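Student: Single-letter residue listing:
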Amino acid sequence: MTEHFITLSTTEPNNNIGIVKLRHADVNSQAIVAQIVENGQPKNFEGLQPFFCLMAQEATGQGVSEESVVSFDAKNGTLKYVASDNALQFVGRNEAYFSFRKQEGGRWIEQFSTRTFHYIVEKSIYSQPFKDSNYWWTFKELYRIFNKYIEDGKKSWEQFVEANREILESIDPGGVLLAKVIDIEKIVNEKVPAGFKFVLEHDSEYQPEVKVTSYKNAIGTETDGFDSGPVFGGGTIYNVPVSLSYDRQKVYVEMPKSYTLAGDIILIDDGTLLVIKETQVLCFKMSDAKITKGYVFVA
Amino acid sequence: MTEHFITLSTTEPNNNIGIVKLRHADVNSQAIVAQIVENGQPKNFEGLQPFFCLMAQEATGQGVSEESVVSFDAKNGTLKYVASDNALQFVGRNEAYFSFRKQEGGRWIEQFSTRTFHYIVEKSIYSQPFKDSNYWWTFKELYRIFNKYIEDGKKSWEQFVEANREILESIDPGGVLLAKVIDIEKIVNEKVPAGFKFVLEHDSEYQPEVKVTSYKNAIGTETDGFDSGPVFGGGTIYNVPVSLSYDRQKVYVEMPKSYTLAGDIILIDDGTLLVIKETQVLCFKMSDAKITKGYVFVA
Amino acid sequence: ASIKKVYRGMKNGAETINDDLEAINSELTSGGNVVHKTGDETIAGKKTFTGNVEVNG
Amino acid sequence: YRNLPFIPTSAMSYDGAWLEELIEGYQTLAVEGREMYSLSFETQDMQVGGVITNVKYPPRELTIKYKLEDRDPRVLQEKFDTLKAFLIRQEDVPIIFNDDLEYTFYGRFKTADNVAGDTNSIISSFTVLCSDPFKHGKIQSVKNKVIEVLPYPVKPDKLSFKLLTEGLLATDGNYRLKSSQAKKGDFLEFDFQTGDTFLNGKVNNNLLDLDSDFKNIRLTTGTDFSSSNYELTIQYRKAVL
Amino acid sequence: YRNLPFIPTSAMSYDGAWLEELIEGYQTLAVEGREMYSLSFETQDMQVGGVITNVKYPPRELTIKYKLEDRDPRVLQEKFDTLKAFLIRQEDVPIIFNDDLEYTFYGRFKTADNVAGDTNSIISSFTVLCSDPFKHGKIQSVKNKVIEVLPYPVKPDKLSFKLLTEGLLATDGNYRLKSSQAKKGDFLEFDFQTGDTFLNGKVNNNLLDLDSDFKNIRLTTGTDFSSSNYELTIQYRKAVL
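Chains as they are written, first to last, in the entry's author numbering: chain AM, 1 to 299; chain AO, 1 to 299; chain BM, 2 to 58; chain AW, 13 to 253; chain AX, 13 to 253.
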């Protein structure tokens, strides 16, 4: 692949750089090896992700792009961005810059950009057609069609229940089955992992084993102070049945509906987390990984 | 982070000399390091709170822009002001200066300020308006609308299900019975080891422990080739609840009826076997023994 | 370097690859069965130097 | 109403102060010579063609077109008396333009074009001779090597050396800076290009550098001095023509 | 809409790059001096008429009329700063024109014409001194003799000889290249006109040629060196005025 060696500054204008010329149809070949300099010295963007930022066409307002840089060395301040379809979209002069951003999920912590540079895109035998940006239309049509499903879905469901009105009243006389099912769900809500979902964020890249225990009146949780409870040290310790579900650095702990406890989330600086609501404690023990954050699941 | 060094005077009639250039998208990085000098000697602003005063174009009043400087050494006449979101809001050619006041409470006493310096802000990909769906937008505007569609969409769905529940559920004496049963039927189909049985033949004479996991879009199982799926390297990993049954050199693994998968049986060199049906993969990990054969149980 | 085998439908596809790449890269800087430009190492076998050899120590 | 002083697009900052701000009625109309530079050549012509003996960089003078006006002829005369007093300087002065605020010229007032003795609204021009034709940017402190895009070779301002070994032998491939029998065992060496040499705190001009040392060193876009023997802090200013 | 850089009919290529491509708003309007050349004469006048002592070929300078324009005066200043940095060169640079792409000139930026400090759309010129007034075409490698239509006598670039007899005596009728006690029995020797001489692989600048040998040889349209004693490979470039 072709390498274009350039030095870019954050504090000085990038006018003295050579002519950066790239071909229109080049796929992943045309790479821009850039040295990041700040006040004459190389810049350390350690902990920050570099981005290629191409500004839209002033005339039409089309052609804006922000791309994650794959290969880069933060310690010495070098990056090797390979031009993409969106980068060599417009044949001719282009105005772009590199931004360095540290993002914590959705929120921005810090971001620093290099001074704008100019590059030219040469005409190729091939000319890639671009779809006129419609992010707003696509997003709202999806929202429109989903709300149409809610409107039509409520009407069709009411039509269904009301048509089967007599059947639903004559299904169970008195409540012989209802009283039986209420005894089944009583045990399903405490022995089977039911409706209670807790999320545990970790530092590990793998799937750590989580063990959950439930107990009342442990040290410092009793209502009338220390050693005021009936059983000193804590009551009966219940091993909570779990249905573990895993994502990158996230553990979805599904637990029975009886163990539902919304209290204070206390994180000890290791593989242990607690949910304390008055006297009731729900303990979360994790093996071979450290817990970073703990919260009740929300869609 | 990027620093900008300026030696500002209070006596020398500069008015416009002393340039500082930043850009729109630079959250908490680009900071101004200033040295305050009076009659050729550094000025001590002890007891006076420094302020960043900005004279923004087409956004003037009585309090055009004023922000308190937090990092400063009044003994040597040095300060460090980090440009805020408000500071970077005004894209163009602006004028700024630093104020120092000894405010008592409401009314001020002593307020001396430095000479004016040029504070210019360059546009970013975020500040520049771009054309989408035959309308002109900025990033922050679309990001707000999209996140609003997500927030309101989920609230609308949460209510759709809840309202449709109370039609069948509350409006019927025997309809509660119907609804409860479907819920129990699903928990038993997903969390309880029931309708699915798989046989694992081994070399061991004992009872080897088997661990079962289910995941979609695993490495090299995606529909449109490698790295074509929404979550690279496998989606969500579900720890399959199992009920183990043993015979001589045979392990009967009982699993919930939802994890029922009839696909290709792949045996790996060790105590590991996979059942792959397009994207859906069912993994079998056996400890202390070697899998020889694997097949779905038949009667 | 001790590396794990990569196969289709592997539990932890990306994780295994990362550990394999890190294990190989560790041997490129120090230890393993390769001679490095830094550190004290022991070499065995008939080594024929066709070029010029310079010793400063 | 408010009598606000007007500062034009291409205004001149002579010794940090604006002349249009100094003198009421003064206005800088145009500034010529800074945008384009000419070179001096020494040519030794022969039978076919001719070889260049030496290339010189002449000191350029920038022409400043101005307009001074006042209704009262007595005040107008006093206004010029102030203008002349400010311009006529014995030493070089730092010059910055309102359109090119990044750089700084270093010149002195030279000659003024003929001025009419009527109208009460006079337009003339005066020239400012710059001994150094380069305009210098901000002052930068860089450790060991210069990696910045330098359009012209730059003579440094200060070289702060910090020894680690026996002797000092600074090199970049072209220039060799020698210091035999130097202060070994971590001792700072200042090499102030726009003055003299220093040793730790005290001024040491006689002993500091060796006989075959260089003080005419120039920094290119890729100048490297980085060595395990010394920790260098280069102090330079970007020079442009 | 596409912001395509425009390349005019007679565009100049300074060091392989187009200035109009380099600088947005730059455009080469006209280029003068290349189309017609003047000669220098040494005349020894007498009673009737006057005889020409010597005919000299002066180094010609090509004047380049350009136009640079930008709405913003700050950017325009920066545009010139880039133009100067690119033009001002310490060594000679290869120049090619958009209308005469076949040949290549070798010059350097000399003097820039006066530039106005207003309008924001500037039109002026600059001279480019070519030390060698000949434009050189493609490099050609011909065996023994040159039969190509040469408009001007050309000094070669490389003369590759391959011996067959005892000694070397290259001749065309006017020039005699002699090498006594040469490497007999098929030995290649390079005579690099734009540097030094080579023997087989090693550099032999001191001994290769004899005292009465020629290195000022010029090739005409009908120059023949073909002989049974040596196999010559002439390397030359067509020179035009």
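Take the hints with a grain of salt, since some may be wrong.
As the list claims (entries may be wrong) - Straight line, CA to CA, 30 Å or less: simulated DSS-like cross-link-like pairs of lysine-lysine:
#1 AO/216 x AO/285
#2 AO/80 x AM/75
#3 AO/191 x AO/80
#4 AO/285 x AO/250
#5 AO/186 x AO/154
#6 AO/257 x AM/257
#7 AM/140 x AO/21
#8 AO/197 x AM/211
#9 AX/155 x AX/167
#10 BM/38 x AM/75
#11 AO/21 x AM/21
#12 AW/91 x AM/75
#13 BM/5 x AO/293
Said to hold, decoys possible - Derived Cβ-Cβ restraints for the label pairs, each shown as a range:
#14 BM/38 x AW/245: 28 to 34 Å
#15 AW/178 x AX/104: 42 to 48 Å
#16 AX/150 x AW/55: 48 to 54 Å
#17 AO/86 x AM/203: 51 to 57 Å
#18 AO/134 x AW/245: 42 to 48 Å
#19 AW/245 x AM/106: 38 to 44 Å
#20 BM/26 x AW/238: 23 to 29 Å
#21 BM/38 x AX/187: 55 to 61 Å
#22 AO/11 x AW/213: 27 to 33 Å
Quick caveat, the hints were computed from the structure, so don't treat them as lab data.
Idealized CB from N, CA, C, for every residue including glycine.
Student: Each hint should be assessed against the structure and marked as holding or not.
Tutor: Results for each hint:
A threshold of 30 Å between alpha carbons decides the hint, and for residue 216 of chain AO with residue 285 of chain AO the separation of about 17 Å falls inside it, so the pair holds. Annotation: proposed proximity of residue 80 of chain AO to residue 75 of chain AM holds, straight-line Cα distance about 25 Å (limit 30 Å). Between residue 191 of chain AO and residue 80 of chain AO the CA atoms are separated by roughly 58 Å; this puts the pair beyond 30 Å, and the hint is violated. Taken as a hint, the residue 285 of chain AO and residue 250 of chain AO pair is honoured in the structure, with Cα atoms around 14 Å apart against an allowance of 30 Å.
For the hint pairing residue 186 of chain AO with residue 154 of chain AO, the CA-to-CA distance comes to about 23 Å; that is within 30 Å, so the pair holds. For the given pair, residue 257 of chain AO sits about 22 Å from residue 257 of chain AM by alpha-carbon distance, which is consistent with the 30 Å threshold. Simply put, residue 140 of chain AM and residue 21 of chain AO have alpha-carbon atoms about 39 Å apart, too far for the 30 Å limit, and the pair is violated. A hinted pair counts as satisfied when its Cα atoms are at most 30 Å apart, and residue 197 of chain AO with residue 211 of chain AM qualifies at roughly 27 Å.
Between residue 155 of chain AX and residue 167 of chain AX the CA atoms are separated by roughly 16 Å; this keeps the pair inside 30 Å, and the hint holds. Taken as a hint, the residue 38 of chain BM and residue 75 of chain AM pair is honoured in the structure, with Cα atoms around 21 Å apart against an allowance of 30 Å. Proposed proximity of residue 21 of chain AO and residue 21 of chain AM is supported: the alpha carbons are some 27 Å apart, at most 30 Å. This hinted pair does not check out: residue 91 of chain AW and residue 75 of chain AM have alpha carbons roughly 58 Å apart, beyond 30 Å.
The straight-line distance between the Cα atoms of residue 5 of chain BM and residue 293 of chain AO is roughly 23 Å, inside the 30 Å bound, and the hint therefore holds. The hint said 28 to 34 Å for the Cβ distance between residue 38 of chain BM and residue 245 of chain AW, and at roughly 29 Å that hint holds. Against the hinted window of 42 to 48 Å, the Cβ-Cβ separation of residue 178 of chain AW and residue 104 of chain AX comes to about 44 Å, which satisfies the hint. Evaluation of the 48 to 54 Å hint for residue 150 of chain AX and residue 55 of chain AW yields a failure: the beta carbon distance comes to about 29 Å.
Between residue 86 of chain AO and residue 203 of chain AM the Cβ separation comes to about 36 Å, which falls outside the hinted range of 51 to 57 Å. A beta carbon spacing of about 57 Å between residue 134 of chain AO and residue 245 of chain AW contradicts the range 42 to 48 Å that was offered as a hint. At about 41 Å, the beta-carbon gap between residue 245 of chain AW and residue 106 of chain AM stays in the expected band of 38 to 44 Å. About 26 Å separates the C-beta atoms of residue 26 of chain BM and residue 238 of chain AW, a value consistent with the hinted range of 23 to 29 Å.
As the Cβ distance of residue 38 of chain BM to residue 187 of chain AX is approximately 56 Å, the hint placing it in 55 to 61 Å holds. About 30 Å separates the C-beta atoms of residue 11 of chain AO and residue 213 of chain AW, a value consistent with the hinted range of 27 to 33 Å.
Of the hints listed earlier, those the structure fails to meet are numbers 3, 7, 12, 16, 17 and 18, in rising order.
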